[PDB]
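Encoded as structure tokens, the following chain is the form deposited in one PDB entry, with no partner shown.
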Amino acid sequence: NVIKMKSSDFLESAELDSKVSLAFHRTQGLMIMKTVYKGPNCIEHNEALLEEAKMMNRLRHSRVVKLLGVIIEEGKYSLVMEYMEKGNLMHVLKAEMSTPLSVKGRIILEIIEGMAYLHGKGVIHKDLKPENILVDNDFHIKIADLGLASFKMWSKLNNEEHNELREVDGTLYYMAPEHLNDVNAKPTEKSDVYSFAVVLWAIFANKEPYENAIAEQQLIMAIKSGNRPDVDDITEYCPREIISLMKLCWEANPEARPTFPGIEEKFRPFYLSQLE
């Protein structure tokens, strides 16, 4: 069941850099709060938002970010989630203290475990990227869906005329070429395997791909016609097997890519023998 929380239960809410904000619950401590809508009171979709909140609460796994509660009040709808101290994956990869190969290896296997969990329950992420991989103080990771790609009613609630905190309209580096300039195409398990491929590269590069691209359409068309992250831009020691894995996972044809159980079967013994 979903825990129904109140705004009075939280003392202060400091907006943090990437509205997502750090929130101190008065009895249960530090949490993250995605406040999705703030505005005038319209109680139209509350049944579907709560049922969608129930569905996202059913997804329980050690490598998936738990929804802890929801604030469903007059003119404010928030999601409340667990706190992951080191922030997102790209924030950790850019830090002054460098992350060793064993921790990187463990990060990749935890990513695989979490994606396997979600695919096992029929969920396609549709938006796997470093920003959606959150890291605790022991370097263990949890996958989030901060763009609300799996949850239509909460995502549509953001894009509304009444909303003061409206999204006026990063993702495209990790979006599979079949989806670039193709809004109608249905994402699959294979779409996420592409994103993962680009996440692997990023883990060994310590940065976002495609730094030298100038315009958006230049990049879109480049990626659709075969261009990938530059493998020679990996300065530090990435093993041969992980480079082979990312090239396999960023195949142009979806059916040429492996699935996440197939990745895990290959990767886990490699992690244990070579990296741990």
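Only residues modelled in both forms are compared. Positions refer to the first chain, counted from 1. In this text, the rigid core denotes the largest set of C-alpha atoms whose superposition between the two forms falls within 1.5 Å. First, how it differs from the form deposited in another entry.
Core-superposed comparison between the two forms: the Cα of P40 travels 2 Å or more. With a cut-off of 2 Å and the rigid core superposed, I243 has a Cα displacement that falls short of the cut-off between the two forms. A movement of the C-alpha atom of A222 falling short of 2 angstroms is seen between the two forms when the two forms are aligned on their rigid core.
Legend: core-fitted overlay between the two forms; highlighted in sequence order are 40-44, 213-215, the runs of at least 3 consecutive residues with CA shifts of 2 angstroms or more.
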The other form holds:
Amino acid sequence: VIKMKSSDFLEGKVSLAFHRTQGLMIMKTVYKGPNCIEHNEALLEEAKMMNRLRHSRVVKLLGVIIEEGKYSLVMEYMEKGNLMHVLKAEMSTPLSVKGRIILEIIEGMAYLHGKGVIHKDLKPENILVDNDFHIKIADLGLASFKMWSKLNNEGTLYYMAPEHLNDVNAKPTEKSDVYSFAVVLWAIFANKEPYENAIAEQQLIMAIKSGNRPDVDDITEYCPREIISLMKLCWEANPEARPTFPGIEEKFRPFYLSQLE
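Having seen the form deposited in one PDB entry, could you give me the form deposited in another entry?
Here we give the lone chain, stripped of any partners or molecules.
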């Protein structure tokens, strides 16, 4: 990794970070407390793994600050924030830009799966948009890498595959993210969070485990048919019935090319 120092920056919490020589970046300070040196080795290894994720649709980890009792992650800056914010903005997104966004999400998820990363929390809060309306996948909640995830701990459920609802012990798979992505598709075309009421509880968890899905009739903007088919397929209760992201890409890229671009 690149190791940064707090003194490298102008003077969990997610903040704008001005590196005194490299400029604008994003700082997430994961932990500030009395020491835990016994953990550093595993944290720096996972950080290196973080550092190796290099893709235009994936948020890049610029540096780590590993200091006595202070753990921080430094990331590349995305101007326009997360996908939900851009969707609900006062202006609109042509269907072509939404098609391109969806393809970019597929490409990033396929890259992450090809590097052995299961995101575990794909959701609109974790899809960042740059000034040109291109996206990058992020992990604001530290869900993807286990030791940084624990250190962070030393919360929407709307995108959680039903197999993880009321069952925290089953191991998540690539199909977990495929389910999340399906709900992301719906949300992209609804410009709102699923389950119109927008309350989370045991009623809804049990409803979803039994097959309830976001209301396809709650789409009040135009949504292409093939995309509705794709999301319906991807949120199948049976994890085995859901495609892989490379399969999704072999389907969606030619459709986006022929009908959307």
